[PDB]
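*Asks:* One letter stands for each residue in the lines below.
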Amino acid sequence: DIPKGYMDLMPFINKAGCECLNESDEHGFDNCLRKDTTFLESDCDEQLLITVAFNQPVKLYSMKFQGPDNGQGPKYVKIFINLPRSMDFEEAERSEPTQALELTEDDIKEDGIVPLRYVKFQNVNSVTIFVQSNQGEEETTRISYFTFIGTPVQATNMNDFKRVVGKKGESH
Amino acid sequence: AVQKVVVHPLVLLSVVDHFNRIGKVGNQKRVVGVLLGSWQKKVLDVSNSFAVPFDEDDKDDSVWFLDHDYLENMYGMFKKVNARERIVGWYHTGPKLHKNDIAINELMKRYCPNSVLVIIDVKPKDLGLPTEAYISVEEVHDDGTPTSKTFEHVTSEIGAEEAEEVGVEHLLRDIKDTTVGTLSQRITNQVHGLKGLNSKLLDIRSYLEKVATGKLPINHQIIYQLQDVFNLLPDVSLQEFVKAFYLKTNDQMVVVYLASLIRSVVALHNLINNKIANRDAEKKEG
Amino acid sequence: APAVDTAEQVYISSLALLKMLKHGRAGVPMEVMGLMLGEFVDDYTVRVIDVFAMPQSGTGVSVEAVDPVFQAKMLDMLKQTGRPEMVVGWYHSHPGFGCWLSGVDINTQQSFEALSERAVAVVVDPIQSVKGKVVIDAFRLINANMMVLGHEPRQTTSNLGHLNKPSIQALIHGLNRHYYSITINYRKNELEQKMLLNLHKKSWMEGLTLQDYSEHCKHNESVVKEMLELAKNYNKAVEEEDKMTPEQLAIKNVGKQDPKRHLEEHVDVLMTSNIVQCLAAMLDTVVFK
Amino acid sequence: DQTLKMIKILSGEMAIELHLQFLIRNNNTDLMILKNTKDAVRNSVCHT
Ligand SMILES: [Zn+2]
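Residue numbers (the UniProt record's numbering), protein chains in the order written: chain B, 118 to 289; chain P, 5 to 290; chain W, 22 to 310; chain A, 320 to 367.
Hints are computed from structural coordinates only; laboratory data are not their basis. Cβ coordinates follow ideal geometry from the N, Cα and C atoms, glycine included. A portion of the hints provided could be inaccurate.
The calculated DSS-like cross-link candidates involving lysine-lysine, where the alpha carbons are at most 27 Å apart (straight line), are [stated by the list, open to error]:
(1) W/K94 with B/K279
(2) W/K223 with P/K100
(3) W/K222 with P/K204
(4) P/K247 with W/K94
(5) W/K246 with P/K33
(6) B/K132 with W/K94
(7) P/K252 with W/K246
(8) W/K215 with P/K199
(9) P/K129 with W/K222
(10) P/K199 with W/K222
(11) B/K132 with W/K100
According to the in silico footprint, chain P covers these stretches of chain W (three or more CB under 8 Å from chain P) [stated by the list, open to error]:
(12) 100-108
(13) 125-134
(14) 139-153
(15) 159-172
(16) 224-233
(17) 292-298
Throw the hints in and build the complete structure from the sequences for me.
*Replies:* Rendered as structure tokens:
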């Protein structure tokens, strides 16, 4: 599917940065990042907080927060951007989200793509999704597939730098 | 003791930036940072600052975290960039102090013994002076009362060194008022003063009401100081002063009268000169 | 062929300008430098939010001065506080020299441009920018391979001659020949102007203080004496009323003298000082008992 | 019939055609004025 000129940010997801909260041991975070039946479930409650980190500032167009049709798919999704520190569940509900999204049943299907306000996400470095309920009100929710579609923002990697022209030891 | 804590413009413009950095995404209360600056005889100069990762919890009001290594390493960099700055205190934009201030101040006492916390009310833009500077004193309260930590107050004043002054003056360059004042701005300077004196007197009344209704503790000190201000009133009704006031009011009116006359004769002379001008050109047209 | 439309702006935040000016005056006898943190929001706008000083080193303002360990660590630590901006350019002062880039500066700029084709370079003369004027021109190397095409490769736009004209004290050091200026525009916003307005803001107490009458009476007496002598000339200047081409008389005696300029000009001062003083006097009589 | 004519002329088919037939039939633009401007262009952004 995907829109014209935009690519999935799977290659851009920093495995080091990503961390889920309430993820069950049997079905972990890595499961929901693969295009397989393997999924992620929340152990201690239906609330889940799945954060990701991108290698370089990326832009966001459409995330695909797919979920199982058993009713344990996500229902209400709160997205935050460029969080300086990891989030807390109690403080996550309080804080106002960048885009409060009410997933509809049509979205959870395998082919469903949910559109995000492209204006708000222009320099996202780390996005945290907060699943506040599942469709069936089941004890544990599930994210069948979840990835972000946008474009990469060219970032000036000062780590490389390196002189390209000139001779060393030259002053003003 | 620190007679003054002169906050330079750059700090309150980085704190504002610091508040925006976080509040924009991580909606949270006060943003805490470190305040660098050079010492003086007694007036602490605040010349720069930086942010320190600070997270707090409304529960128990002591589950916080002010990073040590970030504070240590940051200053490790800044003393490299500029060596006249030493850590001198902290800043938080939460308008009302917290229960966590004392404990955290003890921490910043580990980096500067005479640590002064400057509360910058970044959100408000009001009567003025968006900085409030506090110290830490532990005294026996002379007058037989429990001991405690408490934050004593230190006079705060906002000033500017030459370099920032040039930047600031241009930075406004669209709302700055004329330095001359002129009659228009001078009078507004007084409607502004009246509004304040009422506003300050109203804060005094509410507190006096609070102590009057018990909701607050009779300080027993600073309470009678307000009684000092209440005796320092002028008592203008005194005859010998009433005469002496009319003399100076009369002494000035004779100068505004002479000023008024000069401006009138000049006015008439300018109309006569102009009446000749258009009339002479009137005849000369023919 | 991409082109930096002259409409393209390097937005300088109210923070950066004070911090960039502060660094420049910090080491004014020598030359200081630091990296600027911002975002390339799009082609026609290079937004710089924060700047962090790169420590002064003996090299000067050159690629070598950019300590990779200092920059990699500082960036890492500013990312935690909530400023995940990218290195958008570099700035260096020019103790009184002007707003131009020397040969060595050009080589630096070419390096920064290597990482992103829009790394803007600024200057910031802390000695000339001493008053309301702030001499800070932004610059981006105009790659020498575009001599076949149009330099300053702009397109549809009309803000090229606005906000500035090519400064002569720079056009000589290589402009529109190797480095072109980019319009500099400051992103001051409310909640930042208000906090800067406190720099010289007075207070509630001010405006009710009655001056002091001893030097006020002396001042009133002083100005009235000076205006008196100015009336004597006003009488002589008018009572002369010499008509030998009076329109020419009014233009051969213009030296900022008697007739009016040293006249009521003082009346405004004399009358403003008294009215404000009197009004303060009566307000205090009402407010304070 | 006539209403079809009415529709044809209210929509603006006719006006443009007649307005087009006018300007094409009565066109007279002094190309000489452009030439002295095209040759006077210093190859600046005045090419637009
Ligand atoms: Zn230079």
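*Asks:* Checking one constraint from the list: CA of P/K129 to CA of W/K222, max 27 Å. Satisfied?
*Replies:* 13 Å, holds
*Asks:* B/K132 and W/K100 were given as a pair; does the straight-line alpha-carbon distance stay at or below 27 Å?
*Replies:* 18 Å, holds
*Asks:* Does the structure keep B/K132 and W/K94 at a Cα separation of 27 Å or less?
*Replies:* 21 Å, holds
*Asks:* Just to make sure I understand the rule, a stretch counts as covered if three or more of its residues have a C-beta closer than 8 Å to a C-beta of the chain. Does the segment 139-153 of chain W meet that for chain P?
*Replies:* Coverage by chain P holds for the segment 139-153 of chain W (5 residues, Cβ < 8 Å).
*Asks:* Is P/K199 close enough to W/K222, meaning Cα to Cα at most 27 Å?
*Replies:* With Cα atoms ~15 Å apart, P/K199 and W/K222 stay inside 27 Å; holds.
*Asks:* Examine the segment 100-108 of chain W for residues whose CB is less than 8 Å from any CB of chain P, and state whether their number is three or more.
*Replies:* Our answer is that it holds, as 4 residues pass the Cβ test (under 8 Å) against chain P, meeting three.
*Asks:* With the threshold set at 27 Å, check whether the alpha-carbon distance from W/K94 to B/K279 stays at or below it.
*Replies:* 17 Å, holds
*Asks:* Can the restraint linking W/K222 and P/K204 be considered satisfied, given a maximum Cα separation of 27 Å?
*Replies:* 17 Å, holds
*Asks:* Can you confirm whether the C-alpha distance between P/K252 and W/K246 stays at or below 27 Å?
*Replies:* Roughly 18 Å separates the two Cα atoms, so the pair holds.
*Asks:* How does the segment 224-233 of chain W fare against chain P when you require at least three residues with a CB closer than 8 Å, holds or violated?
*Replies:* Check passed, 6 qualifying residues.
*Asks:* Does W/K215 pair with P/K199 here, judged by a C-alpha cut-off of 27 Å?
*Replies:* 19 Å, holds
*Asks:* For the pair we were handed, P/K247 and W/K94, check the Cα-Cα distance against 27 Å.
*Replies:* Since the Cα atoms of P/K247 and W/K94 sit roughly 74 Å apart, the hinted pair is violated (cutoff 27 Å).
Of the numbered hints given earlier, the model fails hints 4, 5, 13, 15; all others are met.
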